[PDB]
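Peer 1: The lines below spell out each chain.
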Amino acid sequence: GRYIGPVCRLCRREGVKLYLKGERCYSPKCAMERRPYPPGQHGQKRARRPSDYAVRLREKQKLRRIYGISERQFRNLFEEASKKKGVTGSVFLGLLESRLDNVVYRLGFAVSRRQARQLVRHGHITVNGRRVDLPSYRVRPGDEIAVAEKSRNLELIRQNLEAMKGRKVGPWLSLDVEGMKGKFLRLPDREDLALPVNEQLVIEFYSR
Amino acid sequence: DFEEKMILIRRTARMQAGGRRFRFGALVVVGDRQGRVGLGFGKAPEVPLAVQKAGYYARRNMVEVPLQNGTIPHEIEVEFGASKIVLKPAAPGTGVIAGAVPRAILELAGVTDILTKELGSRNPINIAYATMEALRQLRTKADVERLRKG
Amino acid sequence: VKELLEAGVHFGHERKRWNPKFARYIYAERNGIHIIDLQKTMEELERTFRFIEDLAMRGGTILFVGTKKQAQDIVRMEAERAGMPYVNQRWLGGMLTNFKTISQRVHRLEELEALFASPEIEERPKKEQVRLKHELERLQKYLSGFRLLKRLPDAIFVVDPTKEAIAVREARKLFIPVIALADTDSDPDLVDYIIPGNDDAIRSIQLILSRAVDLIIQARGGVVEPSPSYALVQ
Amino acid sequence: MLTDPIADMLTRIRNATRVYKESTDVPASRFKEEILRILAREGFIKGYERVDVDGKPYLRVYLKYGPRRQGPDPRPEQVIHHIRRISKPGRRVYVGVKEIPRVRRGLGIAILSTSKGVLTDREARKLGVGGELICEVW
RNA sequence: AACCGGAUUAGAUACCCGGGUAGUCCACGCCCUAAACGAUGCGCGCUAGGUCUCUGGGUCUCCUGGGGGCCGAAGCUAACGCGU
RNA sequence: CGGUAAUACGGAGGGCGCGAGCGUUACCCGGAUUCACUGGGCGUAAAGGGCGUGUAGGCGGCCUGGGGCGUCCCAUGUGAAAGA
Ligand SMILES: [Mg+2]
Ligand SMILES: [Mg+2]
Ligand SMILES: [Mg+2]
Ligand SMILES: [Mg+2]
Ligand SMILES: [Mg+2]
Ligand SMILES: [Mg+2]
Ligand SMILES: [Mg+2]
Ligand SMILES: [Mg+2]
Ligand SMILES: [Mg+2]
Ligand SMILES: [Mg+2]
Ligand SMILES: [Mg+2]
Ligand SMILES: [Mg+2]
Ligand SMILES: [Mg+2]
Ligand SMILES: [Mg+2]
Ligand SMILES: [Mg+2]
Ligand SMILES: [Mg+2]
Ligand SMILES: [Mg+2]
Ligand SMILES: [Mg+2]
Ligand SMILES: [Mg+2]
Ligand SMILES: [Mg+2]
Ligand SMILES: [Mg+2]
Ligand SMILES: [Mg+2]
Ligand SMILES: [Mg+2]
Ligand SMILES: [Mg+2]
Ligand SMILES: [Mg+2]
Ligand SMILES: [Mg+2]
Ligand SMILES: [Mg+2]
Ligand SMILES: [Mg+2]
Ligand SMILES: [Mg+2]
Ligand SMILES: [Mg+2]
Ligand SMILES: [Mg+2]
Ligand SMILES: [Mg+2]
Ligand SMILES: [Mg+2]
Ligand SMILES: [Mg+2]
Ligand SMILES: [Mg+2]
Ligand SMILES: [Mg+2]
Ligand SMILES: [Mg+2]
Ligand SMILES: [Mg+2]
Ligand SMILES: [Mg+2]
Ligand SMILES: [Mg+2]
Ligand SMILES: [Mg+2]
Ligand SMILES: [Mg+2]
Ligand SMILES: [Mg+2]
Ligand SMILES: [Mg+2]
Ligand SMILES: [Mg+2]
Ligand SMILES: [Mg+2]
Ligand SMILES: [Mg+2]
Ligand SMILES: [Zn+2]
Numbered sequence: 002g003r004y005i006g007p008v009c010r011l012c013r014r015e016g017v018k019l020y021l022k023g024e025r026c027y028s029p030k031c032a033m034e035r036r037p038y039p040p041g042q043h044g045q046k047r048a049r050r051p052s053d054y055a056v057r058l059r060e061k062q063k064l065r066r067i068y069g070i071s072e073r074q075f076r077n078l079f080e081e082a083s084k085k086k087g088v089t090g091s092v093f094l095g096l097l098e099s100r101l102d103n104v105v106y107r108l109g110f111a112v113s114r115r116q117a118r119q120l121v122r123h124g125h126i127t128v129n130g131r132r133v134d135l136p137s138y139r140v141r142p143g144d145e146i147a148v149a150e151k152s153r154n155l156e157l158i159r160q161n162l163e164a165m166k167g168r169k170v171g172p173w174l175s176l177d178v179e180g181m182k183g184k185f186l187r188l189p190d191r192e193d194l195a196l197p198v199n200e201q202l203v204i205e206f207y208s209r
Numbered sequence: 005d006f007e008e009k010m011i012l013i014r015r016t017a018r019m020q021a022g023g024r025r026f027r028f029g030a031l032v033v034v035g036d037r038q039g040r041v042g043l044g045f046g047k048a049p050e051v052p053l054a055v056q057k058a059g060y061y062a063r064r065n066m067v068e069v070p071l072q073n074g075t076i077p078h079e080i081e082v083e084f085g086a087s088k089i090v091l092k093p094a095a096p097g098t099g100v101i102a103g104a105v106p107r108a109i110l111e112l113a114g115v116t117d118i119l120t121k122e123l124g125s126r127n128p129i130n131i132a133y134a135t136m137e138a139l140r141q142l143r144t145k146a147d148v149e150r151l152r153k154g
Numbered sequence: 007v008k009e010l011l012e013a014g015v016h017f018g019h020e021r022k023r024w025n026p027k028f029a030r031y032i033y034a035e036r037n038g039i040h041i042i043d044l045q046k047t048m049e050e051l052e053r054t055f056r057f058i059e060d061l062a063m064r065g066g067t068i069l070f071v072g073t074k075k076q077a078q079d080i081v082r083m084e085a086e087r088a089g090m091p092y093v094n095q096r097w098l099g100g101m102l103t104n105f106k107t108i109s110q111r112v113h114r115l116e117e118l119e120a121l122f123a124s125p126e127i128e129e130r131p132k133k134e135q136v137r138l139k140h141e142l143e144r145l146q147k148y149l150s151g152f153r154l155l156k157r158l159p160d161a162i163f164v165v166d167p168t169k170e171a172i173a174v175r176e177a178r179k180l181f182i183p184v185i186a187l188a189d190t191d192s193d194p195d196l197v198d199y200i201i202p203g204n205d206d207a208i209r210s211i212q213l214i215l216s217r218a219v220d221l222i223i224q225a226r227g228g229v230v231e232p233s234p235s236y237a238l239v240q
Numbered sequence: 001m002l003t004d005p006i007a008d009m010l011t012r013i014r015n016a017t018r019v020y021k022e023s024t025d026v027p028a029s030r031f032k033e034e035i036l037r038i039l040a041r042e043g044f045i046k047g048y049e050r051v052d053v054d055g056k057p058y059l060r061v062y063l064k065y066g067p068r069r070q071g072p073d074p075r076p077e078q079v080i081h082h083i084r085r086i087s088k089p090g091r092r093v094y095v096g097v098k099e100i101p102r103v104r105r106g107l108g109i110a111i112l113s114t115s116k117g118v119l120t121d122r123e124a125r126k127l128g129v130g131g132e133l134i135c136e137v138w
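Chains V, U, A and F, in that order, are what the protein sequence lines are. With the first letter of the first sequence counted as 1, position 41 gets the number 42 in full-length UniProt numbering; the numbers rise by one all the way through. With the first letter of the second sequence counted as 1, position 96 gets the number 100 in full-length UniProt numbering; the numbers rise by one all the way through. With the first letter of the third sequence counted as 1, position 122 gets the number 128 in full-length UniProt numbering; the numbers rise by one all the way through. With the first letter of the fourth sequence counted as 1, position 128 gets the number 128 in full-length UniProt numbering; the numbers rise by one all the way through.
FYI, nobody ran anything at the bench for these hints, they're computed from the structure. Possibly wrong hints are sitting among the right ones.
As the list claims (entries may be wrong) - Restricting the straight-line Cα-Cα distance to at most 20 Å, the calculated cross-link-like pairs of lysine to any residue (SDA-like) are:
1) F:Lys46 to U:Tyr60
2) A:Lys106 to U:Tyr60
3) A:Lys46 to A:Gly14
4) U:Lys153 to F:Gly71
5) U:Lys145 to F:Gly71
6) U:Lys153 to F:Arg37
7) A:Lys106 to U:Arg63
8) A:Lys27 to F:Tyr20
9) A:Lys179 to F:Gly71
10) A:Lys179 to U:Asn65
11) V:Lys85 to U:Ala95
Unchecked claim - Computed, partial: chain A to chain F, Cβ under 7 Å:
12) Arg21
13) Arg82
14) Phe181
15) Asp193
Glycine is no exception: its CB is placed at the ideal position from the N, C-alpha and C atoms.
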């Protein structure tokens, strides 16, 4: 069971806007607006120069919390990237980007990561014609991510796709907005991600 | 232009009649991440002034590091006193795998991928000194070629 | 601007206190004294004076440094014959590495001179009058040749790199090229451009420095009469 | 008696260059000669030549060094920074062709003695043979 | 040494003073320790010099071997220091 | 750490770390180049045997030739399945 609770507090504890709240991380209520300091009683106190360990810790958390994942799956994915051929740094990101929940969010089907997770969990997502209710399902390139026609008439899907009209999509993705289709064209490159995260620091958090 | 990061500060009290009277030691690295690093060690009766001196000495005593793709031309060991430092090149997607001290030095050198071991004495000052001398001893295929040309 | 028959003066020196590194410039041991190979000297003299003329006609500053009781007055006169600064009485710790700090002392020198040419000398008490009197006296003792160094010299000339090695250490450290008159007791490795020969024996020092300054002025086209220093031979 | 002539020659060279000697003599042995051929061929020494010292045959090794340098310690960089005997008596080191090291990530050499002659690590690799690992030079 | 006295001392089972047995010496046989120290195993080869000295040889200001010292190149050492 | 202002005890508020788990004890490897083949040492830090003679063993100057035991190369059989 993933992290469930106040989220726009981690927006603060990381120091960077975390869009896990979906909307309202855009409207000036995110609490990253006019409250950029971390939570707690000592939040407005002057923070001490962090330890070298502290830096790689806050970078890993900054990424982990972004994708909304337990430490377990997070580290197993990382070690998977450490074994695979290619740059561990970008391979890991391509793997996190390949989560079905993350793709759903990325395809604009859901406002947020969490919402994408619930949408997958409840089987509203099609993959190549088949229902898939696992947020962890690894999307491959060439997979068609659709919306179950059962739910196509639901007002939350039409609500989000309504604002997806004319909105542009990631260069490794493409979607048809009327038929509620979508496709994973290829793995994203480092440059394909705007993630405010230094991968090297994370790799360097796991060398210990 | 020039980025500095600090290694350690210490208390180094000295004795005198009536009581102790302390200096402050500061180890500071200064690098451009472009292959130029420099190390300085300052002492002063207050912490900040000592740090200043360390930065000023770090801009003197500079080292031209021959990076090859964010890593090193060849592996070297260097013995400084009783402290031995071991640097080995690393393929990309590796990171700086190094102690606290050589991590700081290598990072400000612009090294993004390297393998490292501290050996013998682990003293921060000698480990820094040893890292610097190690970097002074790096040589490029160009440099070796021009050394055995004749 | 050369010499050949100068075997008539400078043959050798330093009976058996030799630096072994000087062995490359030794001809033999005659009557229990090291006699310096004559031809070798002129080789190093060509290579040295080439650098001298080049640096001179470029406009560079050369610090002439000599404290030997043999070379004091010579260094004074020949360094004044050129536009070059000298060090005569004692080479002070830091004159190059602390050049800023030592320069402050020349500012005090000029300050007290300009207060000694003003009517205010008697405006101050008698005791301060004697004090500042002493300040100007010793300042003008040490910095009389060091006065005109505005920046760090572009070269250094030393007459015994063994006794003046405290200077050569600082020229080394700051990468200033080092020109030296070095006999058998000297480490030649530390000298960038060497002239092997007696560090003692005024007769030969006057020749070497006189010719050197001559070449200096010849680089800039200010042709000069014989050097006034020849009367210091006796 | 001289215990390991090769370590002795390696060392004569090491010491000789540490004081920047122009030349140095080492007692003549064909195997030594074949080593000096690789040092020469690889530009580590100026060269060598046979000589007679008081009737007995030696090899004059002419060493080379880099340029005289800048401020203090003008002493040149060395050409032979590191010479080390590897397979000594009483602990012998033979390598198969897949056991042959890469010396200084390329920039040095490993003199092998092979059944096909005294080769460098590159020569012995491209020749497809291994043998006794004589020494590192770099 | 032990021991017998005389002193000193708060005490004196000691330092100081008067004595004195083993022993210290010899032979022969045991014992096998040690700050048994260069606190540095032996052999060979290579790496600046200068100086004092013991003892050989030489065409004998000196050159050349073998010992014993002191400074010190390169280098080594944590440092002290080591350094043909 | 605590002997009157405790960020170390006890509670609370708050925060960090993991999360159907979280901590603890035991045991194994790691860090430990701290048994040093890779990869350590012995003047003063722990470590040169009190000294010699010498047995076994270890080690072996220069040239050539035979052999091909170690060494190196090629082919081939083997190296079960699982695991990796
Ligand atoms: Mg990888
Ligand atoms: Mg793509
Ligand atoms: Mg690891
Ligand atoms: Mg060392
Ligand atoms: Mg050591
Ligand atoms: Mg230790
Ligand atoms: Mg370079
Ligand atoms: Mg003075
Ligand atoms: Mg002299
Ligand atoms: Mg006169
Ligand atoms: Mg009594
Ligand atoms: Mg009594
Ligand atoms: Mg008493
Ligand atoms: Mg004794
Ligand atoms: Mg030993
Ligand atoms: Mg014997
Ligand atoms: Mg002696
Ligand atoms: Mg005699
Ligand atoms: Mg004796
Ligand atoms: Mg002797
Ligand atoms: Mg030294
Ligand atoms: Mg000594
Ligand atoms: Mg010898
Ligand atoms: Mg109270
Ligand atoms: Mg209280
Ligand atoms: Mg208290
Ligand atoms: Mg508390
Ligand atoms: Mg606690
Ligand atoms: Mg508490
Ligand atoms: Mg609580
Ligand atoms: Mg689970
Ligand atoms: Mg458990
Ligand atoms: Mg353990
Ligand atoms: Mg181990
Ligand atoms: Mg142990
Ligand atoms: Mg242990
Ligand atoms: Mg040890
Ligand atoms: Mg003791
Ligand atoms: Mg001991
Ligand atoms: Mg002994
Ligand atoms: Mg003992
Ligand atoms: Mg043999
Ligand atoms: Mg045998
Ligand atoms: Mg044969
Ligand atoms: Mg065979
Ligand atoms: Mg097989
Ligand atoms: Mg199998
Ligand atoms: Zn937010």
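Peer 1: Hint validation: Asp193 of chain A versus chain F, beta carbon distance must be below 7 Å. Holds or violated?
Peer 2: Where the cut-off is 7 Å and the nearest Cβ of chain F is about 10 Å from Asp193 of chain A, the hint is violated.
Peer 1: Are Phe181 of chain A and chain F close enough, Cβ to Cβ, to be under 7 Å, as the hint says?
Peer 2: holds (4 Å)
Peer 1: Holds or violated: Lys85 of chain V and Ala95 of chain U, Cα atoms, limit 20 Å.
Peer 2: holds (14 Å)
Peer 1: Given the hint that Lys179 of chain A pairs with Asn65 of chain U, does the C-alpha gap stay at or below 20 Å?
Peer 2: holds (11 Å)
Peer 1: What's the verdict on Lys106 of chain A and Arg63 of chain U, does the C-alpha distance respect the 20 Å limit or exceed it?
Peer 2: holds (18 Å)
Peer 1: Verify the proposed pairing of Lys27 of chain A with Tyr20 of chain F, using a straight-line Cα cut of 20 Å.
Peer 2: holds (11 Å)
Peer 1: Quickly compare the C-alpha distance for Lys153 of chain U and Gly71 of chain F to 20 Å and report which way the hint goes.
Peer 2: Status violated; Cα separation ~25 Å.
Peer 1: Verify the proposed pairing of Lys106 of chain A with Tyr60 of chain U, using a straight-line Cα cut of 20 Å.
Peer 2: Judged against 20 Å, a Cα distance of about 16 Å means the pair holds.
Peer 1: Sort out whether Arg37 of chain F lies within 20 Å of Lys153 of chain U, counting only the CA atoms.
Peer 2: Distance of about 16 Å is within 20 Å: holds.
Peer 1: For the hint on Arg82 of chain A, does the least C-beta distance to chain F fall short of 7 Å?
Peer 2: violated (29 Å)
Peer 1: Has the given pair, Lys46 of chain F with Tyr60 of chain U, been kept, meaning a C-alpha gap of at most 20 Å?
Peer 2: Violated. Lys46 of chain F to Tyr60 of chain U sits at ~43 Å, over the 20 Å cutoff.
Peer 1: So if I understand the rule, the pair passes when the alpha-carbon distance is 20 Å or less; does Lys46 of chain A with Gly14 of chain A pass?
Peer 2: Cα-Cα ~16 Å, so holds.
The structure does not agree with the numbered hints 1, 4, 5, 12, 13, 15 stated previously, though it agrees with the rest.
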